[PDB]
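To begin, one chain is listed below as structure tokens, in the form solved without its partner chain.
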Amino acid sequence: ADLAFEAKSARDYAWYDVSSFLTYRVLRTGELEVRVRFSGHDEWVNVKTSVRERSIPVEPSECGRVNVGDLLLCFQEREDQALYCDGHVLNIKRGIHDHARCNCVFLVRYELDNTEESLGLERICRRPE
């Protein structure tokens, strides 16, 4: 299977699945940027910093491969809005569960503002590798 990607947006700092790439441009400065179309509107995003390989769901049977200090894309639901953004695992309370669903609790620290939330596996994706 081929590489899929996600891009970070300058509007909200959240990551969105990239559908396709349209063109590119070089800045006076030398930074390279890329015009990205999102799946589901259109943006210039820095290649080095704001585009990476798509995060990957964790299945309950493999919840053990998530550790502290791991970087994860987290579904951060609030008021109304819901953003997928980066946080790091600070701590894990492992639960008693089978392959069907994971009741482990992952305390994450969101990178942007250092706020803290407790998430289920269902609201986190790991990074490749």
Given for the second form:
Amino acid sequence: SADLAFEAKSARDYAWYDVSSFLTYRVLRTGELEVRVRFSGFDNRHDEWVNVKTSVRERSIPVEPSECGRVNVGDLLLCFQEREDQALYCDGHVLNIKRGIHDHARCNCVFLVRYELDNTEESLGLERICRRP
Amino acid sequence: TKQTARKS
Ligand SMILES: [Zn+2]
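Given the form solved without its partner chain, corresponding form solved in complex with its partner chain:
Below: every chain and molecule of the assembly, starting with the one above.
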């Protein structure tokens, strides 16, 4: 097993971002606990306080063409969601898969996902999905 | 590696 690395969900976004480090923590009077995180490739202006249970987890992993078969329907995926204004990684679920015929070099499978945020759906290739460990 | 995200 490799050393655990993490991603965290931004409150000004709802997308998930690789975490560079955890600076400190705090406990609100409600009892709510939060850690302060630094996002990889970002200066300290972008640091956030996030809940550990809902907004921090093990990094999603890009899936190799060779293992597309491990991905299944109903699965949770970190999906690179391309739009005009923003391109970002959001959670989604696999509604359907159309399998394809391909060598390990490249995957031509088609995954239909439902984004958790809005419930909207999009079809994605392997290149835009990551799997949970 | 992941796709290079671009923020709003
Ligand atoms: Zn495939």
